[PDB]
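Build the full structure now, drawing on both the sequences and the hints.
Okay, here's what each chain looks like letter by letter:
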Amino acid sequence: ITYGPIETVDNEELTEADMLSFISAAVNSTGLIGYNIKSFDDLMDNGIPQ
Amino acid sequence: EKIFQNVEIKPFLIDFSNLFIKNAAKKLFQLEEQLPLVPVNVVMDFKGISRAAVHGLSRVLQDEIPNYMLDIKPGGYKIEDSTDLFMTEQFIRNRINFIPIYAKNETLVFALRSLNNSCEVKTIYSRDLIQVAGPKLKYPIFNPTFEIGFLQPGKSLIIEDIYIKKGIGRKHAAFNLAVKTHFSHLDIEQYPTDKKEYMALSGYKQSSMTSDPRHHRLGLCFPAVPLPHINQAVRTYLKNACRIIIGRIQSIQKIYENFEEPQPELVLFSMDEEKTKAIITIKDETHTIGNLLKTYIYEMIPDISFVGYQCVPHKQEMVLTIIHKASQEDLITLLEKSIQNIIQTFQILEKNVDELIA
Amino acid sequence: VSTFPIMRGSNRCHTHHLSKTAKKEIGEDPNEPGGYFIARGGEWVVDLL
Amino acid sequence: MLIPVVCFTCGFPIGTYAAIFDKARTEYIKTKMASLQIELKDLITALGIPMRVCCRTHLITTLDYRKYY
Amino acid sequence: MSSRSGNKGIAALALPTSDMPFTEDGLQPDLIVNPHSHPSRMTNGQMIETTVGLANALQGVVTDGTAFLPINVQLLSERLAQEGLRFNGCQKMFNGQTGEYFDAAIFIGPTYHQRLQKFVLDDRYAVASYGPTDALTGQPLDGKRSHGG
Amino acid sequence: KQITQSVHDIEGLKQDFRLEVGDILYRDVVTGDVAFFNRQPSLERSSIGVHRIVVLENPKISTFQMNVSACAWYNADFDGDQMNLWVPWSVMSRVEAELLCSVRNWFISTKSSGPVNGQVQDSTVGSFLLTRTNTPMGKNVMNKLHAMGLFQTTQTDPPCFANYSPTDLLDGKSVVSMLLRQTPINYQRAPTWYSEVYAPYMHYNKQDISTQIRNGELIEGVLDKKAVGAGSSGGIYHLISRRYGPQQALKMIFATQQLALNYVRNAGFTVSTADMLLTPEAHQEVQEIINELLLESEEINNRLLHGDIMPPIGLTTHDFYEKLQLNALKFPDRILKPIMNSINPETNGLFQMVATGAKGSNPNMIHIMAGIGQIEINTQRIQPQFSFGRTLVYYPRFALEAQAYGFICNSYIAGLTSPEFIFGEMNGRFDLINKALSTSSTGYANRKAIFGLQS
Amino acid sequence: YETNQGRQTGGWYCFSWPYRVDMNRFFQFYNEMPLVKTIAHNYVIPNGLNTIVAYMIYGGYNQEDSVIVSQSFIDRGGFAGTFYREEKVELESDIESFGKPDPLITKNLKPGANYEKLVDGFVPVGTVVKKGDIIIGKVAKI
Amino acid sequence: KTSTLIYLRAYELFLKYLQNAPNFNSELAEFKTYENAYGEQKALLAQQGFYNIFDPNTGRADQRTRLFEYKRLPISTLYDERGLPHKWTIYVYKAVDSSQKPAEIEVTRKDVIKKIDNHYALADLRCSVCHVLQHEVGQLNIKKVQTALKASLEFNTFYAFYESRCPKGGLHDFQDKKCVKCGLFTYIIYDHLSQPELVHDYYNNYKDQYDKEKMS
Ligand SMILES: [Mg+2]
Ligand SMILES: [Zn+2]
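Chains as they are written, first to last, in the UniProt record's numbering: chain A, 8 to 57; chain B, 2 to 359; chain C, 157 to 205; chain D, 1 to 33, 45 to 80; chain E, 996 to 1144; chain F, 381 to 835; chain G, 799 to 940; chain H, 772 to 987.
If you are wondering where the hints come from, they were derived from the structure by calculation, not from laboratory data.
The reader is advised that the hints may include incorrect statements.
Below, simulated DSBU-like cross-link-like pairs (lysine-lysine); rule was C-alpha separation at most 30 Å, straight line [unchecked claim]:
hint: 1; chain 1: H; residue 1: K985; chain 2: F; residue 2: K703
hint: 2; chain 1: D; residue 1: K78; chain 2: B; residue 2: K156
hint: 3; chain 1: B; residue 1: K196; chain 2: B; residue 2: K74
hint: 4; chain 1: C; residue 1: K176; chain 2: A; residue 2: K45
hint: 5; chain 1: B; residue 1: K172; chain 2: B; residue 2: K255
hint: 6; chain 1: H; residue 1: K886; chain 2: H; residue 2: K872
hint: 7; chain 1: B; residue 1: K206; chain 2: F; residue 2: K519
hint: 8; chain 1: G; residue 1: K936; chain 2: G; residue 2: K886
hint: 9; chain 1: F; residue 1: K710; chain 2: H; residue 2: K872
hint: 10; chain 1: B; residue 1: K156; chain 2: D; residue 2: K52
hint: 11; chain 1: B; residue 1: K284; chain 2: F; residue 2: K631
hint: 12; chain 1: H; residue 1: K813; chain 2: D; residue 2: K52
hint: 13; chain 1: B; residue 1: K137; chain 2: B; residue 2: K123
hint: 14; chain 1: B; residue 1: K172; chain 2: B; residue 2: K123
hint: 15; chain 1: F; residue 1: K586; chain 2: H; residue 2: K865
hint: 16; chain 1: F; residue 1: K586; chain 2: H; residue 2: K872
hint: 17; chain 1: B; residue 1: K123; chain 2: H; residue 2: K803
hint: 18; chain 1: E; residue 1: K1139; chain 2: G; residue 2: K928
hint: 19; chain 1: B; residue 1: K196; chain 2: F; residue 2: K586
hint: 20; chain 1: F; residue 1: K394; chain 2: G; residue 2: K929
hint: 21; chain 1: B; residue 1: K23; chain 2: D; residue 2: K23
hint: 22; chain 1: H; residue 1: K813; chain 2: F; residue 2: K710
hint: 23; chain 1: G; residue 1: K915; chain 2: G; residue 2: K929
hint: 24; chain 1: H; residue 1: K881; chain 2: H; residue 2: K865
Reference listing, derived: stretches of chain H covered by chain F, where coverage requires no fewer than 3 residues with Cβ under 8 Å from a Cβ of chain F [what the hints assert, rightly or not]:
hint: 25; segment: 828-839
hint: 26; segment: 846-855
hint: 27; segment: 872-884
hint: 28; segment: 887-895
hint: 29; segment: 907-919
In this text, a Cβ means the ideal position worked out from N, Cα and C, and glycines have one as well.
Set out below in structure tokens:
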């Protein structure tokens, strides 16, 4: 799965307000709460029976 | 010469040329013209009058002038059991208290009876304040576009006694009439403040400690006057401010003329060097009156030993101290003449107000 | 013979997949995520130990 | 819960034009659209709100409880 | 009350709108913050937020002031100047009590302020000479909650 | 009722119509009553003092209101502090409270033998502004009406202005003399406004850099923290206490405080974001100074690379290398040159607060404007705690740049970067930990010391 | 310090507040997005108001981190809201019940209490209660 | 009419949930996307764009910063052509007007308030050791500065190493052998010249052999 060469990626216009989009993507992925709800769901499903 | 020179009355109007504004207006309010009550910016020019008098007029028009507001009679807000759980009585009361009203009658009583028989959140607008009291409103006293609280689906809100209350804005800010938009002295030169070397300064060339301006431009905005009757409303507001100032000054004058008779507002001591100390203590008095008295006593007695006032935030009173190289009755008649000067200045202001606006 | 406390918002909570409007009219917070427990009249959060 | 009936700082009745401003601003979003890519100076001036720092501050920033509930 | 830069403040004054200081354009504050709160606490974020908010209110915009985003105070001041205000956010201010303009231009602008949930009405307590007493030691009970102590 | 040896509530005394001699009446506290005022923790002797009650009749007020200069007794501020207040009712306690425990006895610190109270913040700079020679507008004068207005709130008997015409200009030092005349003292000392570190830049007025008071007549100089500040031994309030008792010192603290505050009610004072902003030329010089520091640090590193570091006998090479570096990244005295080039001292609010001692110091001005510099934790740089030889994930292992070990190059007004903020937070938290230790650690020592010595 | 104070700030503490009976909960009516917002406000609603503040010396009433507040800004709704408290009591056994304690039997009535304004043992909704008043009236030895 | 549809259906689904509907799993899952579409409409009524301050030079988000940049400096800004650090303690002033006869005074920090007033303005500082002004440091020859520092570093390290040690060994820094001096203060003063040039060359081999032993 070789990616394109790094000499061709255009990043000169990449600002830090653009990196705020990456931060928002990370927060959307985690959900900001989701880990404990998912841990409790995993408890109820697999851990308590186990 | 004339003290209050020509006035500039320019109401604030909705610019329907903007497509979004017109579209929204017709979409939610079905509004195509100017609202019945509009804010008016009144800019005034004052010449040959001390800064204390102009600022006192401004302060009176701001909060020391009696004004009307819509309040809910206790027990008016039906607690009930269907009313919207979010629209608390405190919240709706705060919304209604601050709806500017140009009420010429106090007997008007309104009722709010809004039901949300639908699945959407229904917003209660000021047009929902129906009136059941005495005279039918020939002209509305408030704009019908004010957002009062919203109703959740299936919820209602019934407020049955919304009456008009009288008060001054100093005690409760819901009575504040005029908002400040301009104040400058025209007889003091100004630096170019966009420059770097004068950007940290006020701009006036004379230091405030050593400046005595007599030419001022005062700008005030009134929040709601009837659109066809802007000039008469401005006239009434300014004349009532002058009347209020004159009346309070005359209240001081009575204390002055009762100087031989005992009274706890005024005391007099002849201290050491023929000097007589007069301390005038008046409760619930503002900086307007004290500043007027200090400035005009100082103008009438340039060689005074000491004149000063203090309205300490606590003890809620104005205490004015005069010390002068004169006997008690000579000092009293000087102070009486200074009060007559204040009355003369504000009567001339009312005369100019009548002459100008019309 | 037992009951296990159920964290609000978990898959065994009655508001796990309910609509936000249903949560609104059921007395719950539509925007809150959950993650707490309701025990003897008080809401408790199990922190990250 | 709503745009205040009058500006908190000075008392200018921004609540008069609050309802119009809300939907005018919404329609202005739909032609420009992650916070606030807009400039609302023209919309506010058109309503008659003067160039007051306070009134514009409280008009464009006050949260509405209907948007969040 | 507190600012987002962490400057707590207990409110001790209630001035009417006529006693509040005001600028030439009529703008007056809601809070009056002592300038000495800055130099030893070094809460420059509050001042920069005040500058940017002054520029934002006139433009009708809401800027993102997240930490570590690029910031140039010189260019934000130039933006203030381009907005019609001064290079600094200061204005010609008049004393509300006496109508006298201040000699110095006063830095007034919007700052986001938070009401901390520490109410004086909850915290204040006064007790008389008698009330509930501890059965063992005969002393008053402990604290406000017990209605004595 | 002594006749019944019982206490009656006031609702059931309609038949009384009078009180007999020997009755005890429990009456409401009035203005002028003595009250004990105490802040916990009560660490110093002045931690409990007696104040004259001033009942505030406004029902919307529920706080205890005190003059700001009084807070030095209790080490208090108004950020949310709560202090106990009880009003003595017993005659023996009331006699005691006003005669023995009144705050006038705690004006002079038992610990330091100097005054406790004075002007703080708003008045320390207010006294300087009132008493300085030249304002940016011109000479610091006021007409008769505004000189009179300075004495409106002093609560003392106002002086005589009959000798002044309405157009007469009164100097700032004139009005202070008419207040200091009631307690005439002799004071001659260099003010806090004049500093050696500032002198090469800025043009000091020769009538401001020598505060002399002869028999209560301020004849030259400015009044700042050295003269009127709180805790300033030998200050004017300490001298007033020595000659005329500590009660007169407290009155002159309040009278001068109102005189200063009323002056700023017309002069006005502020701090702006541009007060802490450097000019582009000076900011180009601050970088040049910092690059000189980093050049010396790299010169030390280049010695380390070639093995030129020979530690002194008793120190390891790493100990000597760290010692050399901490000397290399020390801000020179010339860092004040770009700051003073960008500062108008007559109008700069931040500088005046610092230079007059109202609040802040030179490091605060340098940190805000010039640069934070090296971050020192226990007199050493940031230790490599992230990994073996790494201080942070943002720096390579065995990095030799000074930035890797806490040297912050930016200033606060410029905005720290992500690793500079992390290093600053390590110092910031380490100061928060020390405070929390300080309260508990001294508590054990204070109680042990009390019991050993109390008898 | 802000991290500490941000989590104590008054605001919309819960969107379902009318359905909850909570103790020491403050619901602030008016909230505003900061003019200078940050990324955090994309996920949590803002708590507070955009207050016009003046960094000035005004009468010396703001020394030592005090604040001078416009009374008008307070009256208009600035940082105003509702503070809620709960009063929950429970019956010990069948020996207790809710109801107005009849003054004839009494035998334990509180000294100087009101005992009026009770309907079916509870104060009716919308009724102001002062310090001396009795709420949720309860009796025993029935 | 999405408001009445979203509300009534949510209640019916909720009522179906309590009655244990057979299709409730699929009917609710489809409603989640129905509510999510309805959710964005409310989010539109809340959010108002993206925004950033635009740089005129680059019409994207403004990235200009007053931050610090490294910019390695020449070594002459630190040490003079002899090898000693600069001491910027002398303050030079220039008159604001040409009519002023002196027009320049070089005074130390203490003398500033004595001799300098508003009629003069501060100029660049001067090093009290090598007498060079600050803005003219470029005149100093770098290659001469470096070769002087290498001798200054070598001699300083030599004497720092031999602060107590003797090149012939055994302290004896009073007079013996060549441990301390050949007369005068030649061991620390470094400006008497040609005494360090000989003595350091006498024991240069010792310096080389000890440095490598230490660096092991
Ligand atoms: Mg404190
Ligand atoms: Zn406003």
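Verification of the supplied hints:
Pair hint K985 of chain H plus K703 of chain F holds up; C-alpha atoms about 19 Å apart against a cutoff of 30 Å. Of the supplied pair hints, the one linking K78 of chain D and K156 of chain B holds, its CA atoms being roughly 18 Å apart against a limit of 30 Å. A threshold of 30 Å between alpha carbons decides the hint, and for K196 of chain B with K74 of chain B the separation of about 56 Å lies outside it, so the pair is violated. Note on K176 of chain C and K45 of chain A: the hinted pairing holds, with a Cα-Cα distance of about 20 Å set against a maximum of 30 Å.
Distance hint between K172 of chain B and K255 of chain B is fulfilled; the C-alpha atoms sit about 25 Å from each other, no more than 30 Å. In summary, the hint linking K886 of chain H to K872 of chain H is supported, as the alpha carbons are separated by about 14 Å, within the 30 Å threshold. Distance hint between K206 of chain B and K519 of chain F is fulfilled; the C-alpha atoms sit about 13 Å from each other, no more than 30 Å. Between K936 of chain G and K886 of chain G the alpha-carbon distance is near 12 Å, which keeps this suggested pair within the 30 Å criterion.
For the suggested pair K710 of chain F and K872 of chain H, the alpha carbons sit about 39 Å apart, so the restraint of at most 30 Å is broken. Distance check on the hinted pair: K156 of chain B and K52 of chain D sit about 37 Å apart at the alpha-carbon level, beyond 30 Å; violated. At roughly 26 Å between alpha-carbon atoms, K284 of chain B and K631 of chain F fall within 30 Å of each other, so this suggested pair holds. Restraint check for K813 of chain H and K52 of chain D: the C-alpha separation of about 24 Å stays at or below 30 Å, so the hint holds.
About 27 Å separates the Cα atoms of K137 of chain B and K123 of chain B, which keeps this hinted pair within 30 Å; it holds. With a CA separation close to 34 Å, the supplied pair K172 of chain B and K123 of chain B exceeds the 30 Å bound. The suggested pairing of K586 of chain F with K865 of chain H holds, with an alpha-carbon distance near 20 Å, which does not exceed 30 Å. Between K586 of chain F and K872 of chain H the CA atoms are separated by roughly 22 Å; this keeps the pair inside 30 Å, and the hint holds.
Annotation: proposed proximity of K123 of chain B to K803 of chain H holds, straight-line Cα distance about 24 Å (limit 30 Å). The suggested pairing of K1139 of chain E with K928 of chain G holds, with an alpha-carbon distance near 17 Å, which does not exceed 30 Å. The hinted pair formed by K196 of chain B and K586 of chain F meets the criterion: a straight-line CA distance of about 29 Å does not exceed 30 Å. A hinted pair counts as satisfied when its Cα atoms are at most 30 Å apart, and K394 of chain F with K929 of chain G qualifies at roughly 25 Å.
Proposed proximity of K23 of chain B and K23 of chain D is supported: the alpha carbons are some 11 Å apart, at most 30 Å. Of the pairs offered as hints, the one joining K813 of chain H and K710 of chain F is violated, with about 56 Å between alpha carbons and a cut-off of 30 Å exceeded. Between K915 of chain G and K929 of chain G the CA atoms are separated by roughly 13 Å; this keeps the pair inside 30 Å, and the hint holds. Restraint check for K881 of chain H and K865 of chain H: the C-alpha separation of about 18 Å stays at or below 30 Å, so the hint holds.
Counting residues of the segment 828-839 of chain H whose CB lies closer than 8 Å to any CB of chain F gives 4, which reaches the minimum of 3, so the coverage claim holds. Remark: the segment 846-855 of chain H is confirmed as covered by chain F, as 3 of its residues place a Cβ nearer than 8 Å to a Cβ of that chain, reaching the required three. For the segment 872-884 of chain H, the proposed coverage by chain F is satisfied: 4 residues have a C-beta within less than 8 Å of a C-beta in that chain, meeting the threshold of three. Figure legend: the segment 887-895 of chain H, annotated as covered by chain F; annotation consistent (4 residues with Cβ-Cβ distances under 8 Å, at least 3 required).
Counting residues of the segment 907-919 of chain H whose C-beta sits closer than 8 Å to any C-beta of chain F gives 0, which falls short of three, so the coverage hint is violated.
When each numbered hint is compared with the structure, violations occur for hints 3, 9, 10, 14, 22 and 29.
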